[PDB]
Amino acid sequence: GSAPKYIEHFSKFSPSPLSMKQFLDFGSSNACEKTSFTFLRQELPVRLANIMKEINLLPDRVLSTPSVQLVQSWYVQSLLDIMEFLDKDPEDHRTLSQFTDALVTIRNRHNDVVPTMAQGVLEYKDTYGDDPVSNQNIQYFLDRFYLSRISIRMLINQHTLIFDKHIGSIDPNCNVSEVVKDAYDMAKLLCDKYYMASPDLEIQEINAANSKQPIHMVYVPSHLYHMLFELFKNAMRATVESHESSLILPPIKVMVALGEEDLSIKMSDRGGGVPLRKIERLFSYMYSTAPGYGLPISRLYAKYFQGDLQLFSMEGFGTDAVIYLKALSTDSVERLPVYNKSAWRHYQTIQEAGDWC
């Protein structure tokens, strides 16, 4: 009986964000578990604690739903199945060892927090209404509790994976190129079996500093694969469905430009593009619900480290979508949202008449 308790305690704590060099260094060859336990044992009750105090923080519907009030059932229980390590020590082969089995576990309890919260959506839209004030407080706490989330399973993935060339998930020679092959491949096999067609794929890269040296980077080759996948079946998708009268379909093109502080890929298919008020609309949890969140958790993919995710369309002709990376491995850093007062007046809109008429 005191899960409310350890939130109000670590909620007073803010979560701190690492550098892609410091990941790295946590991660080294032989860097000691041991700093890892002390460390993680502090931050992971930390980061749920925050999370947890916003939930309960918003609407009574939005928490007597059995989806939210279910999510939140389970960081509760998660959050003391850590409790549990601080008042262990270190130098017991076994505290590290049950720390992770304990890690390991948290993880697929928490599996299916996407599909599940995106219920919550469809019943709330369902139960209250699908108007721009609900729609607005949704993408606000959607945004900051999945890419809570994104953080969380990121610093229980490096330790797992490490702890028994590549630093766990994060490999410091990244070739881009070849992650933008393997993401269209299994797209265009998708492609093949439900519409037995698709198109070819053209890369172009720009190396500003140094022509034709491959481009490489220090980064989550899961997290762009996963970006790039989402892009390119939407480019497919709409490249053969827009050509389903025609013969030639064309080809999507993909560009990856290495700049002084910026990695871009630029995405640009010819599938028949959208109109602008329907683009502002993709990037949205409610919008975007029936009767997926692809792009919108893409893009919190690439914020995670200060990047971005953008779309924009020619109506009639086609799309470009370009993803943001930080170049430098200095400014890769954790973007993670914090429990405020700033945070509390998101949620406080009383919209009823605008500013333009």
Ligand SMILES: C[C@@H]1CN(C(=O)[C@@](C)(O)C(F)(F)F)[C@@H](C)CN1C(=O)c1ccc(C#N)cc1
Second form
There are 2 protein chains.
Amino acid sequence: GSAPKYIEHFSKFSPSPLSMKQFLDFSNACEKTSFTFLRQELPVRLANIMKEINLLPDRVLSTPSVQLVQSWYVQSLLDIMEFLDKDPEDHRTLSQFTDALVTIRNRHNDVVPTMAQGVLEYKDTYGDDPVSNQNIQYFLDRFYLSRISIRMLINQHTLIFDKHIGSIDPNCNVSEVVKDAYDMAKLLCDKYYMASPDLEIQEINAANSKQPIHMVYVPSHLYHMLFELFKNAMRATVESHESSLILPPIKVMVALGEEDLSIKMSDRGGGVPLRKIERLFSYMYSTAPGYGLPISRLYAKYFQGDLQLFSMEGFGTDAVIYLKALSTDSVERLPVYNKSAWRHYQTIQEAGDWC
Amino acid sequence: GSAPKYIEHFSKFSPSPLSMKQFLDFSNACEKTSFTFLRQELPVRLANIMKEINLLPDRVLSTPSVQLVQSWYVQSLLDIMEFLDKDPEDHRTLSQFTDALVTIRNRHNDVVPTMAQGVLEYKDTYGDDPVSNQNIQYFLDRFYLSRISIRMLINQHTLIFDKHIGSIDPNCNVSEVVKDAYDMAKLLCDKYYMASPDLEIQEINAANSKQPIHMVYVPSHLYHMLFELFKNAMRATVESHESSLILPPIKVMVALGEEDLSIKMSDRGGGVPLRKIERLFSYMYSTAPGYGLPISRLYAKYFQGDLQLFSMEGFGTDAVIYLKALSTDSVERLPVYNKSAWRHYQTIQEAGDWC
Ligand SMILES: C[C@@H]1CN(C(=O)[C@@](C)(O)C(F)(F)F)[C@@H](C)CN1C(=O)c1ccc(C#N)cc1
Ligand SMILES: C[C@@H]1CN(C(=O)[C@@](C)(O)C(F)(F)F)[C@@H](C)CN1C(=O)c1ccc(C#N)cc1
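What's the form solved in complex with the named molecule like, now that we've got the form deposited without the named molecule?
Shown next: the complete complex, the earlier chain at its head.
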């Protein structure tokens, strides 16, 4: 019965944002060195997000969803406390940990669908107004980024201690990951629509005209973003041309500049009105009766990147993923609990500044 | 010595956002009808913006710039009070007005450069930090939109009472306005660089495949936005290819959908890092030792549109202007003084929610 205490403790610490090069330095660059680090970091990260939840309307708190996941974190937090007084050296004290991590990871595997359920519960229970949308948007963005960062650490440890350093590829060939996400989307598009647009890729390596474009990144993260975009671009190109015979291709450009590595995906799927675009990244409005876009964007932001959309109604849409080109600039984007984060939930909107 | 009083009065009223079709209904759809309207509207709009200024740091208030323009509005407000007790019918009582408008318009002709001077005064006097940037951004956006809306009314009256209804073209051929802004930028580009990229235009009239794209809009407003973008796209295409012989063209696409009319301008001028883009629309950071972009965007927003940028470092930049396709949806976007607008100036930032 000391959960509130632990959370009060570790909640006082700020999480330590790691860079992608520090990740590259790490089989056996001492997991002892990691164990001791993860012993404090995970609890600090779990506690900060747990501390922020506890401070949202009891209307949201009392729902089975929020309390279900809120109880998952409480258990994961306790699940790792065990090792605070333990001593490494014991080749079994740190394997008790790797297992303790794999067990915590799977315990949270369905947090996204679970949390989406809460959004729906809220829409039908309290309505879908801007202030609700705003608070949910603010919180889910932080909650999910928090989750992404925790899973990153866990995957890095579990994978490294069972060319690639954990889930990191130091020579990630962006165009290859583009092709992979494409092939997968194509296969699904073919089954469901029995027709699919082709793919054209083009690279622009500013500094080195023909050297293939490589970067240090987490391929699975990039695959996720690209796959989500290919699906939308495919669904729209197919559906908007159901009476046309032509079927334009989806074009992708990978450009590498001094500090940015950009990927643009252009489709001619009809486009979307500016007003609806703004709603495409909102958890509340994109819920019924998925969260590919809002979450794909958190993956972009996690390492200081971004994901943006801009279409032309009546023509098509461009989706662009901005990633940092240098591993030096690829530092975790983490949400922290402060007096600053507190007042973002004090939105008392009623009659704006514009008419 | 009653300025504070008048401002306290009219400041209680909210400005009346007009649609572009109401503008189309109006030589002599009775300027009496307008005179009486503008008699209350202008004072209400002048007072609301004047009321918001009076409530910004005295550090900003005391500068010659802010007080210089603050005294211009005070005089324009009084300049129109005169007609509050007047009676139309008198064919000279309303010409005293048209002149009173032309005189007020010119009195404010240099408010932009004047206000930009204040920004610089502030940068050097108090520094250029995010909270300063934010408050200036918030206020200048509103101040300038307020100004744009006031000049719109004035121009509509003065022009209509000296095919087009004032400054409104009910059959504005977007592609023609594109060509015009281009020719002008080209001429300047040719003088200064003695080389300039060509232009390709393409239309996508979704509903009517080949009918030229026309819309009801204020051509001079659209010309302003396009000219500003062509200049930047030209400067960058030329400068980034000073050692290349090839010189790609600037491509523009005009797409007309059910509710949106979009114009995209794509250049291959090298592109800009994501981090600097965010700073391109900031009055503070774009000041030295112009305001084409931040202001061009207010012109887009004035009638519910927008202006966005997205480039690929090492390749080029896309700039897109979103306008409403229907005159029904083209309603003035006006800033209003409320308890809502008040708290946007209570930014006490110090240590954010992210680490
Ligand atoms: C041991 C820590 C964490 N780490 C790891 O690779 C992992 C696999 O253990 C994990 F992904 F799980 F984090 C490197 C960034 C090196 N590293 C550090 O450089 C470090 C960072 C901050 C502190 C502190 N305080 C101490 C060490
Ligand atoms: C007379 C007003 C203003 N107006 C004008 O065209 C102008 C030229 O006078 C100006 F641009 F300067 F505004 C139309 C939108 C018609 N109109 C209205 O439809 C109207 C709108 C609101 C109210 C009110 N309250 C009364 C009339």
